[PDB]
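A single chain, nothing else alongside it, follows as structure tokens in the form solved without this ligand.
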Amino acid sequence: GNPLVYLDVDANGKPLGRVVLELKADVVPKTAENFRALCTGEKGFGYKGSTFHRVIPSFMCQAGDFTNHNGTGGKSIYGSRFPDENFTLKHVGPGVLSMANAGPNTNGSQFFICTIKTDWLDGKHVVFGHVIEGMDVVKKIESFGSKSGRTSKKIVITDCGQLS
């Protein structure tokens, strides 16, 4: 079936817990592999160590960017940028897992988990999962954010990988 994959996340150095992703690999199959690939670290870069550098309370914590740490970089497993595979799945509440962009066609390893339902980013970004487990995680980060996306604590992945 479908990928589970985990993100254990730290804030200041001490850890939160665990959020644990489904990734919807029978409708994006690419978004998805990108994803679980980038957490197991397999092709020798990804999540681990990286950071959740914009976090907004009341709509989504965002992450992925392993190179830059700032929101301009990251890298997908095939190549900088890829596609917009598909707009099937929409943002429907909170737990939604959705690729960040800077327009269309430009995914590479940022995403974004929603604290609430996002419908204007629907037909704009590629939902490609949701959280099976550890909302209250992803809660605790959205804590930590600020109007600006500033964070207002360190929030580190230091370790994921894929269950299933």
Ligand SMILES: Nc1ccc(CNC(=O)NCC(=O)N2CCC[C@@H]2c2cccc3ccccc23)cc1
The other form holds:
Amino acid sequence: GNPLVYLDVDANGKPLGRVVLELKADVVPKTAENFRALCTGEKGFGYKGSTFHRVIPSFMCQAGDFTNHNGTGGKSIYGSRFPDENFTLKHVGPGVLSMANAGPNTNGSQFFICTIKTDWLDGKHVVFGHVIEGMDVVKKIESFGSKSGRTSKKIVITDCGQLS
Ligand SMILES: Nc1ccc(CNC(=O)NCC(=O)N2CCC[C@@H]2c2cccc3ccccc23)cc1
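Having gone through the form solved without this ligand, I am curious about the other one (the form deposited with this ligand bound); can you provide its structure?
Full assembly next; the chain just shown is listed first.
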């Protein structure tokens, strides 16, 4: 079935707990496979040690720039960027997992988890999963955000991997 992956997240050196995500490989296999491998780190690189660099309360929490560590970078298992697979899944509510981008067909490794329904991103950002467990962790992360997106705590993915 669909992969289940996890992110263990710190805020200022103390553990917040674990976010578990289902990756919808049945709808978006390529996008799901990318996130899966970046979680395990099996290609030699991935999310372990990277940060949530942009967090905006009542919107979303953005992470995954493990190359430049500032929100301009990241890369996929396929190459630096890969196409928008499809826009079949929608940004329906809190807990939606979706790809950040710099316009059409520029998916890399950056992703976000919504804390509200973000319908205006439908057709622009590829939705590829959702939060199975650990929305409390997502809310903690959200609480350390700000209007500009700058975080008030250092939010790090200390460990990540595949559960099934
Ligand atoms: N591969 C790659 C991906 C992203 C980037 C940098 N691009 C972005 O951060 N773009 C914005 C973006 O993807 N998102 C996800 C929802 C959060 C943010 C976003 C998306 C759409 C509207 C937003 C309005 C205000 C603040 C953030 C907005 C560079 C390289």
